[PDB]
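Okay, so here's just one chain, in structure tokens, the form deposited without this ligand.
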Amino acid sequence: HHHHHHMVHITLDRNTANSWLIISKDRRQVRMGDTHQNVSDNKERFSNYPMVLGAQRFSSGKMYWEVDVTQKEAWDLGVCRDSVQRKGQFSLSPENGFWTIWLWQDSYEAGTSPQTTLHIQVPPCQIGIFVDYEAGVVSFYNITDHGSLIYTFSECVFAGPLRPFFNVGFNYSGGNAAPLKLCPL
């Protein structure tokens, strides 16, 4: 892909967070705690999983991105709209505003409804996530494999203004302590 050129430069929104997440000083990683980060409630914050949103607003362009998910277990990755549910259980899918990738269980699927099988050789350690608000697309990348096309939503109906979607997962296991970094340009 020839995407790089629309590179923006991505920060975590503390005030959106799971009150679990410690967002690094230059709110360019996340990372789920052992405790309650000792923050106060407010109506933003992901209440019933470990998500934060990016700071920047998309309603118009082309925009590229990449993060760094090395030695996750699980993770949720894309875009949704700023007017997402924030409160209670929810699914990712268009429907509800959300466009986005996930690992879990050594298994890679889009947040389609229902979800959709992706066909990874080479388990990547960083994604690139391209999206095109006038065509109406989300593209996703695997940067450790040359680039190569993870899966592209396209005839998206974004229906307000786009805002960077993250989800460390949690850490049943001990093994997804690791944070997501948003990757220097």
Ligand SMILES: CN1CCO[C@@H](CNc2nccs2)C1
The other form holds:
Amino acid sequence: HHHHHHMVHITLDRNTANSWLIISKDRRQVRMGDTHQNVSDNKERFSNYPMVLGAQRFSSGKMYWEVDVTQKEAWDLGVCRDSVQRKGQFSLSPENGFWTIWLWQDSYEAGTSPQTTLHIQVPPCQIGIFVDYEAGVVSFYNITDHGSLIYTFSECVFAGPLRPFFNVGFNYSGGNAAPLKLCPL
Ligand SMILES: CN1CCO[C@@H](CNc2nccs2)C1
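Show the form solved in complex with this ligand, please, the one above being the form deposited without this ligand.
Zooming out: every chain and molecule, the one shown earlier first.
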């Protein structure tokens, strides 16, 4: 792929984070803490899952960024509508305003409804995410495997401004503590 020149500098929005997340000073890394992080509650915070949004909002154009997922067992990545539900239980689907992929239990899947099996021969350490707002496309690339395509959502009905979306996953196993990191341009 030749999407690298649409690179955008993404930072995480603390106010949207689940109350157990720890975001670095530079707002470029996030990990699951072992307890509540001593923040006040607000209507933006994801309550049920270890999720956070990027600060940036996109309503046009082409955007690209990269995320490091090294040594994680579970995570979700992609984009979502600014108006997604924050409280209670929900599934990651385009009907609910999410365009995502994930790792869970040693398999990769796209967040369609129902979910779609991904075919990845080289487990990725860094994921590239490309959004073409006008075309209605969200694509995912395997940076570890020379940029190979993982998945394309096409005919997307965004229906609002988009935000970068992250889930660091739970750490019930003790093997999923590692952070998500936004990689330098
Ligand atoms: C009372 N419910 C409502 C909120 O989510 C449920 C568990 N989820 C999380 N706990 C830690 C961080 S995310 C507990």
